[PDB]
Structure formats: C-alpha cells, structure tokens
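Undergrad: Here is what each chain is made of, one letter per residue.
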Amino acid sequence: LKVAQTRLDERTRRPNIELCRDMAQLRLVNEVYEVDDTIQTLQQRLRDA
Amino acid sequence: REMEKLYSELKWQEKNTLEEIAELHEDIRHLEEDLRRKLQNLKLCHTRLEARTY
Amino acid sequence: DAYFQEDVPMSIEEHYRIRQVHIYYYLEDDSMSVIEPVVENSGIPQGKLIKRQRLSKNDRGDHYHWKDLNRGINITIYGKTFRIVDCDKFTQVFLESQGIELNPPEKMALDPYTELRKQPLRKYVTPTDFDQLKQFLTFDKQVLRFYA
Amino acid sequence: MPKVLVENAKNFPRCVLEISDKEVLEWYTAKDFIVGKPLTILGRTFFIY
Amino acid sequence: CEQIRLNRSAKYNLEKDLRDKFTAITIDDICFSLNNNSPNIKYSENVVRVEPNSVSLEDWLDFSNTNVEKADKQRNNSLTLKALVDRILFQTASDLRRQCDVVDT
Amino acid sequence: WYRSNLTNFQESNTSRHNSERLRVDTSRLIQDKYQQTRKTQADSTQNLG
Amino acid sequence: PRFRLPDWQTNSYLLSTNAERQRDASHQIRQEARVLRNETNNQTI
Amino acid sequence: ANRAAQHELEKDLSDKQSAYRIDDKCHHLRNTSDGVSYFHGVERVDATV
Amino acid sequence: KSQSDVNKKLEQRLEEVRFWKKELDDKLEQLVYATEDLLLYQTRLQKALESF
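Chains A, B, C, D, E, F, G, H and I are the protein sequences, given in the same order.
Mapping of the first sequence onto the authors' numbering: position 21 corresponds to residue 413, and the numbering continues sequentially without gaps.
Mapping of the second sequence onto the authors' numbering: position 46 corresponds to residue 315, and the numbering continues sequentially without gaps.
Mapping of the third sequence onto the authors' numbering: position 60 corresponds to residue 159, and the numbering continues sequentially without gaps.
Mapping of the fourth sequence onto the authors' numbering: position 2 corresponds to residue 298, and the numbering continues sequentially without gaps.
Mapping of the fifth sequence onto the authors' numbering: position 87 corresponds to residue 244, and the numbering continues sequentially without gaps.
Mapping of the sixth sequence onto the authors' numbering: position 30 corresponds to residue 128, and the numbering continues sequentially without gaps.
Mapping of the seventh sequence onto the authors' numbering: position 21 corresponds to residue 30, and the numbering continues sequentially without gaps.
Mapping of the eighth sequence onto the authors' numbering: position 6 corresponds to residue 251, and the numbering continues sequentially without gaps.
Mapping of the ninth sequence onto the authors' numbering: position 50 corresponds to residue 103, and the numbering continues sequentially without gaps.
Hints may be right or wrong, so weigh each one.
Here are the simulated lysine-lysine pairs, BS3-like style, with alpha carbons at most 30 angstroms apart [stated by the list, open to error]:
| hint | chain 1 | residue 1 | chain 2 | residue 2 |
| --- | --- | --- | --- | --- |
| 1 | I | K54 | E | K173 |
| 2 | C | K222 | C | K240 |
| 3 | E | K173 | E | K230 |
| 4 | E | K199 | H | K270 |
| 5 | H | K270 | F | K137 |
| 6 | D | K318 | D | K299 |
| 7 | H | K256 | B | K280 |
| 8 | C | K206 | C | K156 |
Think of the hints as simulated: they come from the structure by calculation, not from any bench.
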C-alpha cells in the first residue's frame with residue numbers, strides 16, 4: 393500500500409505538461425484501492441477467527 | 270516507438286498469460302485427483318451398506 | 100514532557116489534580132532528574148522533585164536506561180507513576196537514531212483547579228451595520244410584486 | 297410577519313403583551329415568497345405565480 | 158527485542174546514506190545534462206574552489222564499505238539469534254511435555 | 099442423559115467444524131491476497147516503466 | 010487488404026483488454042476451486 | 246523565428262527531464278526502500294492537465 | 054575535448070555512486086527482512102510466555 397501511495401505521492405509534483413493521466417496514473421490508483429480492499433478483507437477474517 | 274510501445278506490452282501480456290496458463294495445468298490435475306479420490310469414498314460408503322443388509 | 104495524577108479528595112475544587120513536569124535524561128552518566136515548572140497561581144510548593152541521580156528501575160538494583168523510554172510510557176519512580184506525553188525534536192532524533200520507535204503523542208491532561216482560575220476573556224464582537232437606517236437607504240424606492 | 301415563534305409561547309402573556317422582536321424565530325423574507333410554489337399566509341394558502 | 162534495536166538503528170544509518178546518495182545522483186544528473194546552449198547557465202564566485210566540509214574518494218569508499226559491513230554484521234548477528242530461539246522454543250516445549258507425561262504416570 | 103450427552107457432543111463436533119472452515123479457507127484468502135498484491139504491484143512497475 | 014491505422018489501434022486494445030478479463034475469468038475459477046475443493050474434501054472425511 | 250523554437254523546445258527539455266527524474270525513481274520505488282512512506286489523499290488527487 | 058573529459062569524468066562518478074546506492078539498498082532489504090523475522094519470532098516467543 394505505502395509503496396503505491398508514495399510512488400504516486402511524488403508523481404503529483406511533475407512540472408506543467410508533465411503532470412498527466414496516463415496508464416500508470418490509473419493502474420496505481422486502481423492498485424491502491426485494490427490493496428486497501430485486501431486489508432479490509434483480511435480484517436473481517438481476523439474478526440471471524 | 271508506437272509499435273515498440275505495443276510490442277513490449279504485447280510480450281508482457283504473454284508472460285502474464287503463460288504464468289496464468291502454467292498454474293492451470295496443475296490446478297485441473299488437482300481437481301481431477303480430487304474427483305478421483307472422492308470416487309473411492311463413494312466406493313466405501315456403498316460397501317458398508319450391504320454387508321449390513323447381510 | 101510528563102504529568103502525574105496523585106489525588107485530591109479532601110478539597111471542594113475537584114477530585115483529581117494534574118501536576119505538570121518535565122523529566123530529563125542525562126547522557127553524561129545515565130542519570131535522570133524531574134523538574135516541576137512553577138505555575139503562577141498554584142499553591143503547591145513548585146520546584147525540583149528529583150535531583151540528578153541514577154533512579155532505580157526495580158528492586159534488584161537496575162536503573163532506567165534510555166532503551167525503554169518512549170513518547171508514551173508510564174514509568175513509575177519512587178511510588179509516583181509518570182505518564183510522559185511528548186518529547187522535543189532533539190530527544191526524538193536521538194531515540195530514533197538508536198533503533199527505538201517513538202510512540203504516538205498524548206495531549207498533556209489538565210489540572211481542573213488552575214484552568215478554572217482562567218480569568219474571563221474581556222471582549223465583545225462588534226454589532227452589525229445593517230440596521231434600520233442602512234436597510235432604509237440601500238433598499239429604498241424598490242418593492243417586489245407577487246401575483247397570487 | 298412572524299413565521300415560526302420562539303419556543304416559549306406557552307408561558308407568554310399574549311393576551312396583554314404583543315409579539316415583539318424577541319418572540320419571532322424567523323420572519324418572512326424574500327426567500328419565502330417563491331414564485332411558482334404555494335405560500336401560506338395566516339389562515340390562507342396562496343399560489344404566487 | 159534488543160537485537161531489533163541494533164537492526165533498526167543499523168537501518169536508520171543505512172537509510173541516511175540511501176537518501177543522501179539520491180540527492181547526489183540527482184545533482185550529478187543536472188551537472189551532466191548541461192551544454193553551452195542550456196537555459197540557466199550563469200557565473201559564480203569562489204564556486205567550490207575551497208570546501209571546509211568535504212571528503213576524499215578514499216574516504217567516501219570507507220563510509221560506504223563501513224556502513225555496508227555494519228548491516229551485514231547485524232544481519233549475521235540476527236540469523237544467529239533466529240536459530241538460537243528456534244531450539245530455545247523446541248527445547249522449552251519438549252521439556253514441559255516430558256514432565257507432563259511423567260506427572261501422568 | 100442420552101439426550102444431554104448428544105446435545106453436548108454434537109455442539110462440540112460443530113464448533114470444531116466451523117473453526118476448521120475458517121482455517122483451511124484462510125489459507126486460500128492469505129495465499130490469494132499475497133500473490134494478488136504481488137502481481138498487481140508488478141503491474142504498476144511494468145506500466146510506470 | 011489495407012486496414013486503416015485507427016482500426017489498427019483498436020486491434021491491440023481488443024487483444025489487450027481480452028487478456029485482462031480472460032486472466033481474471035480464469036482467476037475467478039481458481040478461488041471458486043479452492044473454496045470448493047477444501048470444503049469438498051473436509052465434508053466427506 | 247528560429248529562436249521562438251529554442252524557448253519552447255528547451256522549455257520542453259526541462260519538463261521532459263524532470264519527468265525522467267520524478268518517474269525513474271518510481272520505476273524502482275521497491276518495498277522497504279529508503280523513502281516508502283504513508284500518504285492519505287494520494288488516491289483522490291488528480292490535478293492532471 | 055576539455056569539456057568532453059569533465060563529462061566523461063562526471064559520467065564515471067555516476068556509475069560509482071549508483072553502484073554504491075545499490076549495495077546500500079540490497080543491504081537495507083536484507084536487514085529489513087532480518088528484522089521482519091525477528092519481530093514475528095518475537096510474537097511467537099511472547100505467545101509462549103502465556104502458553105505456559
């Protein structure tokens with residue numbers, strides 16, 4: 393999660409034009425959410441156990 | 270560049286697919302031997318019944 | 100930065116008091132000292148609580164070394180339990196440079212007596228300017244029709 | 297005009313004193329006279345169009 | 158718990174360098190990427206003529222090789238601990254077990 | 099007596115089935131979340147790359 | 010023939026987006042497999 | 246004329262360069278790599294241009 | 054040719070400083086992984102103190 397969060401944290405400082413919205417911008421946005429999902433998931437199975 | 274963009278992506282989806290294929294050869298084998306060993310348990314619960322009707 | 104709740108059940112002002120302190124650790128000879136800052140209007144004899152000495156940790160003779168000192172910790176010294184709440188940006192730097200993970204902060208707690216002696220804050224917000232006169236001047240000679 | 301009275305009208309000498317500045321929670325303004333929607337003056341429902 | 162302290166301290170120092178190295182890598186990237194027709198190419202005073210806080214190549218290599226060794230040293234002092242607690246656990250268990258089977262008899 | 103014993107023995111057998119469930123299924127979830135996050139991250143790399 | 014460049018671009022997109030759902034379709038069967046196989050084997054023992 | 250080129254052309258090389266700088270590092274932002282920190286909000290920021 | 058040399062020399066310094074950023078990160082990895090085991094083995098030990 394933090395690897396992804398940071399990977400993006402810096403890409404949000406690219407100068408003028410650079411700051412874009414390419415494939416990377418998404419796969420990373422999707423990944424962060426996906427990872428957040430896995431964490432919430434295991435949390436339930438922990439409560440279940 | 271545009272084709273090297275597409276080719277490098279196209280090669281990368283191959284190795285991602287080939288990894289996805291590789292662990293599908295072993296899964297269906299594990300499904301098959303699961304199916305086949307569970308035949309042996311239907312074999313068992315039969316054999317108890319009629320030695321009992323005896 | 101630390102604090103400790105002792106008791107005060109014989110008073111009319113509250114049932115529990117908070118005594119603000121700063122606890123110092125010395126790297127010269129692994130020593131500690133506890134200093135109580137002077138509160139302006141408190142009746143307690145403020146001052147120095149514990150001098151510079153190697154304060155004992157347990158009964159076997161061990162003393163407090165800096166390995167087990169964090170931002171949030173409840174070390175007890177001579178019957179008094181101190182809840183440290185925060186460090187300064189030099190103590191943090193030293194502790195993280197040795198491997199020690201700094202705990203999350205806590206606020207300070209507050210003594211009910213001294214905060215109930217906070218004299219009133221003499222102020223009034225200014226009244227508005229949209230009185231009868233300005234509402235008469237900026238909205239004169241204009242009325243709305245409504246057909247109903 | 298008063299629209300909603302403040303919450304002490306049950307102990308208010310409204311037989312011998314009038315409804316002054318402090319008794320009104322909100323007065324009628326230009327927002328209340330919506331052109332198109334029904335409006336309720338005292339006793340009467342209007343249809344400002 | 159104390160080996161953890163040493164290992165975590167080791168990192169703090171290892172990180173300190175990892176960070177500084179980056180800054181230097183970036184600096185040399187902008188130093189390399191500089192032609193006579195580049196945008197902001199201005200003059201200066203005393204530039205780096207003298208430096209009262211620098212270091213030599215011999216030294217830069219010491220700092221690195223030293224910091225590296227310290228980390229390998231702690232790692233090798235960690236695999237030891239990890240393999241002295243494995244028995245300590247196997248031991249503790251088997252011991253209490255032996256006595257429990259005894260008390261039974 | 100025969101009833102009580104069963105009511106008990108059965109309830110015991112039961113809570114040892116609802117526990118075994120979580121256990122073997124946790125293996126699935128854990129060996130999934132991990133391998134998922136792994137290849138999902140590698141995606142970010144290839145893309146960023 | 011002489012298929013034009015924009016319909017050539019969607020050829021790569023179609024093959025690429027085929028890979029994502031198809032690997033995920035295969036991946037979906039997996040988790041459905043192990044959830045079955047485990048409770049299949051455990052139930053009958 | 247051929248100067249108006251440089252201006253933009255070179256105003257591009259800079260952004261093009263800062264890109265590689267704030268993009269190559271991300272290509273190798275490994276897990277547990279000096280830096281990987283925590284940021285809450287880098288999954289809802291997209292000031293893309 | 055003068056500039057060519059200072060460029061080649063700056064280029065070489067990069068190769069070196071980068072090799073050292075690597076042998077200092079691959080080491081971070083080893084030591085972080087070492088600590089991960091010790092912290093998990095710590096849990097296993099803590100549980101035992103109560104397990105008995």
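Undergrad: Sort out which numbered hints this structure fails and list those numbers smallest first.
TA: 1, 2 and 7
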